[PDB]
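Q: What follows is the residue order along each chain.
2 protein chains.
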Amino acid sequence: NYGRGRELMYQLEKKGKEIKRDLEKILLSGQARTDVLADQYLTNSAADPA
Amino acid sequence: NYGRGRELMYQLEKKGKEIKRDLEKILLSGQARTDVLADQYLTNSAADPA
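Residue numbers (the deposited numbering), protein chains in the order written: chain M, 102 to 151; chain V, 102 to 151.
Chain M on its own, in the form it takes in the complex:
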């Protein structure tokens, strides 16, 4: 290529930066937590192994 080296190493670095920008956007968002707590302590009942 004309203005770069290998395409694997180039695109890899781009993803290394994009993942940090995505993390910043995620922490500073309003998304709600999602999990399968499923009747935890106070009668955990083995965390509902079902």
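Please keep in mind that the hints were generated in silico from the structure rather than gathered at the bench.
There may be inaccurate statements among the hints.
[Claimed, not checked] Now the in silico label distances, taken between C-beta atoms and shown as ranges: (1) V/135 with M/151: 20 to 26 Å; (2) M/147 with V/120: 30 to 36 Å; (3) V/136 with M/150: 14 to 20 Å; (4) V/127 with M/149: 29 to 35 Å; (5) V/137 with M/135: 27 to 33 Å; (6) V/142 with M/130: 30 to 36 Å; (7) V/148 with M/124: 34 to 40 Å; (8) M/132 with V/126: 55 to 61 Å.
All C-beta atoms, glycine included, are put in the ideal place defined by N, C-alpha and C.
With the hints as your guide, set chain V onto chain M.
A: Frame of chain M, contents of chain V only:
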């Protein structure tokens, strides 16, 4: 009284020994576990909010 002491330390030891005679029987009486936790052990949050 005859043989007996002050009648308070006397009865205490009588019951202090019976507590062991009961433990030996409880651990072999084949009873069933009973508690109001409702399988809420692996939670470390609360037995049950209710």
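Q: Against this structure, judge whether each hint is valid.
A: Hint by hint, here is what the structure shows:
{"no.": "1", "hint": "V/135 with M/151: 20 to 26 Å", "result": "holds (23 Å)"}
{"no.": "2", "hint": "M/147 with V/120: 30 to 36 Å", "result": "holds (33 Å)"}
{"no.": "3", "hint": "V/136 with M/150: 14 to 20 Å", "result": "holds (19 Å)"}
{"no.": "4", "hint": "V/127 with M/149: 29 to 35 Å", "result": "holds (31 Å)"}
{"no.": "5", "hint": "V/137 with M/135: 27 to 33 Å", "result": "holds (30 Å)"}
{"no.": "6", "hint": "V/142 with M/130: 30 to 36 Å", "result": "holds (35 Å)"}
{"no.": "7", "hint": "V/148 with M/124: 34 to 40 Å", "result": "holds (37 Å)"}
{"no.": "8", "hint": "M/132 with V/126: 55 to 61 Å", "result": "holds (58 Å)"}
Going through the hint list in order, the structure satisfies each hint without exception.
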